[PDB]
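Only a part of the assembly is drawn; its chains keep their places, and the rest are absent.
For reference, chains read A and B in written order, and residue numbers begin at 1 within each chain.
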Amino acid sequence: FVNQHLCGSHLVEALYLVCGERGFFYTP
Amino acid sequence: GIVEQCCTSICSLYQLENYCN
């Protein structure tokens, strides 16, 4: 689904900002 | 996962923070 795809793109951006030095795990 | 919870409803900074490492 392209809607999940576009949303996920904004999620990793938010996580990038929010999680900081901890970083994060992304997996669909 | 993060998609069902945060792509169906907007997640707060606090909700997003749960998926931090």
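Everything that follows uses one rule, which is that a contact is a pair of C-beta atoms (placed from the backbone, for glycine too) under 8 Å apart; a residue touches a chain by one contact, two chains touch by 3 or more.
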Note down how many copies of every displayed chain the full complex holds, formula style.
-> A x6, B x6
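As a working rule, only the chains that are shown with their structure count from here on.
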Mean-CA-position distance for chain B and chain A (Å) = 9
Residues of chain B defined as touching chain A within the complex | 1-3, 6-7, 13, 16-17, 19-21
Residue numbers on chain A that touch chain B, as the complex places them = 3-4, 7-8, 11, 14-15, 18-19, 22-25, 27-28
